[PDB]
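Student: Listed below are the residues making up each chain.
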Amino acid sequence: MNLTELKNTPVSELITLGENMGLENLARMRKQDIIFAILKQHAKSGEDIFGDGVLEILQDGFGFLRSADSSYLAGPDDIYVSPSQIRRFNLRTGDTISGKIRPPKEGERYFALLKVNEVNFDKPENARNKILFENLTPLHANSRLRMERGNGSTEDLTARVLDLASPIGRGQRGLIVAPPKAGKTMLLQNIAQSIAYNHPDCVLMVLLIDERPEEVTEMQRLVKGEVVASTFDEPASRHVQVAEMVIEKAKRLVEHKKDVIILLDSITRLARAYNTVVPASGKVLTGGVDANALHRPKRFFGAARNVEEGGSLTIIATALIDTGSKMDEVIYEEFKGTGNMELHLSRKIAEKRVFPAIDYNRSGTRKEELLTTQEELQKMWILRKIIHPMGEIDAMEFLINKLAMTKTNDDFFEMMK
Amino acid sequence: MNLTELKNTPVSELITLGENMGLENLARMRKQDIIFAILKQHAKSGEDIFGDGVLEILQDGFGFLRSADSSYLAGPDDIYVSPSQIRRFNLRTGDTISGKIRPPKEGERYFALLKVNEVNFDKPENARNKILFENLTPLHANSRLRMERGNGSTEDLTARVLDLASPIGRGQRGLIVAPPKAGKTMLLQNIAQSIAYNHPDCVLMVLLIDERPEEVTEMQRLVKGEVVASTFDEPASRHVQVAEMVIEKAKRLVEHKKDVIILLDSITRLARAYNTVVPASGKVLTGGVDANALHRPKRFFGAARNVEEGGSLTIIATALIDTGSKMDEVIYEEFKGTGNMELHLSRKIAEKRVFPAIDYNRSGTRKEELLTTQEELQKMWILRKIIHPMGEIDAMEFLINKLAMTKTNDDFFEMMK
Amino acid sequence: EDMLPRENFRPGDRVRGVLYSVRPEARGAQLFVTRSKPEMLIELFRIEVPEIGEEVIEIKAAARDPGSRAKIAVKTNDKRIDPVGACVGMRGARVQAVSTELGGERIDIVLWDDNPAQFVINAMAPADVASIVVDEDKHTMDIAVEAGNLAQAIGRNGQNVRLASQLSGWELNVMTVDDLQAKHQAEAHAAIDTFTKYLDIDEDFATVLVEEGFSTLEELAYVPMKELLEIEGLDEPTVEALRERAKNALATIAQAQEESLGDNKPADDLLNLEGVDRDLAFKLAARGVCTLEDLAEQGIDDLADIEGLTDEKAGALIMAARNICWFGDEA
Ligand SMILES: Nc1ncnc2c1ncn2[C@@H]1O[C@H](COP(=O)(O)OP(=O)(O)O)[C@@H](O)[C@H]1O
Ligand code: BEF
Ligand SMILES: [Mg+2]
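As they're listed, the protein sequences go chains f, e and A. So the first sequence is numbered by PDB author numbering: it starts at 1 and just counts up by one. So the second sequence is numbered by PDB author numbering: it starts at 1 and just counts up by one. So the third sequence is numbered by PDB author numbering: it starts at 165 and just counts up by one.
Since the hints were derived computationally from the structure, they do not count as laboratory data. Keep in mind that the hints are not guaranteed to be accurate.
Subject to a maximum C-alpha distance of 20 Å in a straight line, what follows is the list of computed DMTMM-like cross-link-like pairs (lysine to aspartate or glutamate) [unchecked claim]: (1) f:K379 with f:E369; (2) e:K379 with e:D359; (3) f:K31 with A:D177; (4) A:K411 with A:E376; (5) A:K447 with A:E423; (6) f:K348 with e:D290; (7) e:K123 with A:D242; (8) e:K130 with A:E218; (9) f:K348 with e:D60; (10) e:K417 with e:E375; (11) e:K352 with e:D394; (12) e:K283 with f:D359; (13) e:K298 with f:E392; (14) e:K298 with f:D394; (15) e:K298 with f:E397; (16) A:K239 with A:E219; (17) f:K181 with f:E218; (18) f:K31 with A:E265; (19) e:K123 with A:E218; (20) f:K352 with e:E134; (21) f:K352 with e:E244; (22) A:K224 with A:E207; (23) e:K283 with f:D394; (24) e:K115 with A:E219; (25) f:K181 with e:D60; (26) f:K402 with f:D156; (27) e:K115 with A:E222.
Selected chain A positions facing chain e (Cβ under 10 Å, derived; list incomplete) [as the list claims (entries may be wrong)]: (28) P188; (29) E189; (30) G217; (31) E218; (32) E219.
Even for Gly, the Cβ is constructed at its ideal location relative to N, Cα and C.
If we strip away everything but chain f, and leave its shape as in the complex, we get:
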């Protein structure tokens, strides 16, 4: 039996199934062991089991296949895969596996793998001889990601302004610099909605680290793609675990020539969790920050690139600033000259009920000539030169009034002439 039907189904149908199977009182335990016992019973009376997930290789030698909805956490639902598969198919951490699995006998409790069927949505023969991630040649973004939907809703104008200020492409690095209280959550939500509606072929992934759980549940069923999130409820170990999980999944997917898009929020909280989880190296700056503690976050932000051979990886990680502490400040300083596309959201415009609060004067993107055409770039430069002498709130309201009447950025540009 397939696994996803029982994973993404509501727990009520699982309770009904477990009560119909004539089992122990099922509703008295976790969803994890509930579905574990359900699979065990269906295997005792039924055929082989069909499971799937993402693979993580420990320092022990074997591998664990974990599901997306549990944010790839340990439990009875994981799938044990012996090192024999890692020697035969030459598996790697983050490999999306799906195949046949069997029940465990004494000495074991996890469902052992029987035969793989789909590895990263590809045949094992094609995946055997492949190219590594770091062995690829990065490049600049050439195909621009169209964020305008075309309907011109009450809030899609935000995305429109984004297209006006930061042309995003396959392989670009986006840093959203915004203090709290500024309204970046719905901004990222609309960005994900538009990028899934306009580009449904490329995989979309979001990551909420140290975030409130209510936002996690309201985003995990509002946008497309698996919404993996590690809320603040758990220690930093789970945060670095899910970070490696998602980064290896993205690396494998882009190695299989797939345009991967990551939405990370926030990066300062992820770096703080990294700082408290990795052992200290002795050297400490102000704010309780270590030297090597930023190495792994840096790597995580540097993984994104535009691959020349096939596919690309575009990360969009937001940096939370203006909190009072020094951790976020030093993180934003270390990541300032890192991303090639910054987007500043000043709270001065946000507190005035003027959304989206976008600091167009301080925002920009490098190498935009490889994403837009000639006259489009000329119009963008003319608009930038016109708006630059203005302030922030006045320029924002002027742009809002000039964009509300029009429905498309092209008509906006020609009417601004």
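For chain f, the structure is supplied; the task is to place chains e and A with the ligands on it using the hints.
Tutor: Frame of chain f, contents of chains e and A with the ligands only:
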């Protein structure tokens, strides 16, 4: 028990009541905690409390209802209102609330609201679906405010000359440009007296910023309407607090279709307090003035308008000039082409014991055709053309001698022919 | 106590509720959250239903037998919306969502009315009710149902009724379905023995007039002539016969109360021991036993802590009882 009876009563009756209630030594503390303890005792032995005031919403989420006599200041007398009311009735800053309140238990010390009864002198049902302030359509003043009382006293002639030089209407902006030593205090007092005697239906509000306390106490019980004043005794924080308080009260009242009239003195001192209270933006001109520091005062002066839907708001803010510093000078330059009715009071006529010292040649009002009739306007223009070739002191004494004999401006006009 | 045999828990899952009591002066954990409270579902709608929260609708009542039945009653103060049609969603889409959030409990949106009659009629819907009566002095409602919809009239534990008795707060009465079930004429001519010896001179005067009660005789004995005018012939003999009937009624009510307070019937088969007196046995048998056959099965639990008894006296009485019943085996 109602709140206003204990608020506007002399402190002696409060001392007698607190001594009769068999309480601690009451006269040893502020009036604020005195009335707080009195209300607490009356609630411990009595029914629910009945409070009222103006609402201010902080950046925290809750709201504070403050009284008018304390210039809306913090203390034990404030009323805490939870954000649940701000979500149910959709409250806003500056809402005039009056209703039932309860005593506080442990963890709290302010009287919590139980049930609102009157919101801005209106039913909550009628106030639910309403129109915003900025969403209204400003217009020019059409109904002229008659400032002549008709008795022709020794000092009301001042008001008469005012009607001769600046026809005031519902929705006009008045800027009194006068150096010190010039006698504007009693001028504004007489203006308030006349506008309350002739138009008692419209609310009248005065504001004394950075003013001597003796004038505050002598004006708070000489004219009608709540006399809210922030004397120089307190820092600029209280000044901007009371500015927002009064402006939001006026906005709510004019949203409830009420003719609001504000008397502000002086505007240069208010702008200076604004300049020192709001953080600096880097750009600084001569005299220690910031660029954005005038934005909030400008807004405050621009709030006044003539609403087409219902009611209007008429502000009369006086600008103190000729002090030596550059702050007042640059403020008067920035506000010169701002108000649509200037009234100049030269000190040359004031020092000569010739009151009211009114520069009729430099005074005037735009769009006066929408406030006066045809022949009245013709007579006014004839009088202006006659007086213009004259100087200042000679014209002033001529007008005084021509107005003392007559009692009404109409007979004055016909006798001037 | 707020949990359920079907509502089930183990460390790891997220269960929600409403914080109903906070005792910051306690010794330990003092954040008491419940789930069985009715208004809970109200706030659920507040976070789900867009109609609630803006005052355009008014969720008034909620009858929640946890795990059995969770009905809601709303009212619309506006004149352009419906109470049930807008809140159900689109053929059970949001109501079933909040149900499966609450644990799959059967949720039916009932429409309460301004009167308790239609309220309890709708609360026991869809079903027919042949009689609806309200009683203020008894604080009850008589709901007599007809035959034809019993499968929806009672259900399990009378849930369709159990909500109503829990919503209005009045202990309803759904007992009898045979003749005179209307409760309006169930006392008119069903108990005719009321004027036993009242009209002792003759019998052919007029038709009987029940509209006064014939039984109260406290709001009827001494009243002005305008209230006793329903029957003609109010002379001194008539008022004296009425007073005599009232005295007889008082005596009967006093005897009935004296008999009903002592729900034990203490006969002479209760004071055969040495040391047993009136109030001793009165309390001992008011504790839940009837005769000697049901007292030797206990010990110092019931026979001790009685007015006029010591622990040693209790032990003595219980050993005497066990020797005369358990060790004797005689009848
Ligand atoms: N209508 C008037 N009649 C007589 N004296 C007046 C009149 N108006 C003003 N004055 C005199 O002018 C002086 C102005 O004092 P003050 O109120 O401090 O000036 P300002 O109002 O400019 O601050 C007063 O002392 C008052 O005697
Ligand atoms: F009273 Be003065 F005009 F400062
Ligand atoms: Mg003065």
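Student: List in ascending order the numbers of the hints, as given earlier, that are violated by the structure.
Tutor: none
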